[PDB]
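Quick setup: one chain, the form solved without the ligand, written in structure tokens, and binding and motion questions come after.
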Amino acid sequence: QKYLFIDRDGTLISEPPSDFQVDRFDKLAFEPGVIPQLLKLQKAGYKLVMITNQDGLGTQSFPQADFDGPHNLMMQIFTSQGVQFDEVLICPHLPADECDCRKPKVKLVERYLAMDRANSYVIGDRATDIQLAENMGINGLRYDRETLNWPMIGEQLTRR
């Protein structure tokens, strides 16, 4: 089974530069082409897993209720349009917590470590996403809106 492990903020949707928290609906914005391109990847046989660090989620620094609105709407868009994430894996911890689950640590994905390592990828916009790939023994794709965007990824990962 080929899997794509996909970061959320800065990858599926834009990342707010002030506080890195999508905690209001007016901060939710989809990255270009993510929907048709994930549908294309699924049609080529990829299954999808979301993985994300949501620093302080569920505490007063990032209330669960504030995260839920935009996140649940985002998920409603994906599901209604046919994009199905097998799991949504969330680390809610602060860096200072020194938790076992914060990417690029692999605790959240340990069950996958099971999959076709040659043809599975992490897709994310940060060096930590690329390090997650290395830690999982799979390939990493560094999402960039201009130079490695959703249409390019859709093409690259279906090349034969």
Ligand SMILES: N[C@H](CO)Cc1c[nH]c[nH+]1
Given for the second form:
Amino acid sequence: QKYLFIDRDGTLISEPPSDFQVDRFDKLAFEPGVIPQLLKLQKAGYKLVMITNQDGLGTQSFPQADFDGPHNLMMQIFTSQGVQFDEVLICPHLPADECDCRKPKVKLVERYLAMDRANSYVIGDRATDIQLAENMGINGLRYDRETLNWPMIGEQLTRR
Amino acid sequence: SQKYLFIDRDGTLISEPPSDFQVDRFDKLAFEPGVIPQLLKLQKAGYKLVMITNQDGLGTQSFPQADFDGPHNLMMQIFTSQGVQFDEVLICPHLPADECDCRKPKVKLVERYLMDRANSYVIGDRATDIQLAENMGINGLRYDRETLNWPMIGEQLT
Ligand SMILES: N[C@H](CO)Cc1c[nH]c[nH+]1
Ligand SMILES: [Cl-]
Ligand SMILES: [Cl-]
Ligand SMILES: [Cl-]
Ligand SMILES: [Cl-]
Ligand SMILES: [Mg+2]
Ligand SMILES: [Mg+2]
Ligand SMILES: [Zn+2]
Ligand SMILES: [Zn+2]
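Switch from the form solved without the ligand, shown above, to the form deposited with the ligand bound and output its structure.
Next comes the full complex, this chain leading.
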């Protein structure tokens, strides 16, 4: 079973450059082509898993209610359009917490470590996503809106 | 002559709030099933898209422009980022009691188009959308999430 482990902020949707928190609806923006390209990937047999660090989620620095509006709308778009994430895995911790689950640690995905490692990938926009791939023993794809975008990924991962 | 789809917004592209028929909060925004992939399919088949919507009392106390703008502009972001493009977004802001010239199924908003009529459609969830189609002299599709939905329309028209 081929899996795609996909980052949220800066990958599925844009990441706010001020505080890196999608905590208002006016900070929610989808990356280009993510919907048709995830549908394409699913049709080729990939299952999808979302994996994301959300520093301080559920605390006064990033209230659960502030995260929920934009996140739930994002998920309603995916689901209604036919994009299904098997799991949405979140680390809510601060870096200083030194938790077991903050990417690039693999705790959140331990159950997948089970899958076809040769044909599974982490997709994310940061060095930490690529390091997660290395820690998982799978391939890493560094999302970039210009140099490795959703259409390119959809093509690359369905090449035969 | 261009094939057009004239598509209603509320209850057709996005869910219609059952409470009060106004998408006036972000938390009332929800996309209809399959609308994105199907509109992309329809665009690839050569249809151009025009949105047309009655927004009762838009820009007054019971529906401020600012309340409409947030959810609408976000809906537009989502469609545009995913490759769905509307040539025009046509809005009637008036109350029914106003008895204006632009309220569907009156044809004012779309006068310019009055187009390959044999292959153009109004798609909407209300009888008035179907009447608009008749007044424009083109085909009408009565969108229903359960019985005549986006995958069905995408299949039929391609
Ligand atoms: N957006 C970052 C990565 O997903 C996590 C974060 C939340 N608050 C501040 N930083
Ligand atoms: Cl910002
Ligand atoms: Cl992250
Ligand atoms: Cl969020
Ligand atoms: Cl209407
Ligand atoms: Mg990221
Ligand atoms: Mg309607
Ligand atoms: Zn953690
Ligand atoms: Zn009017």
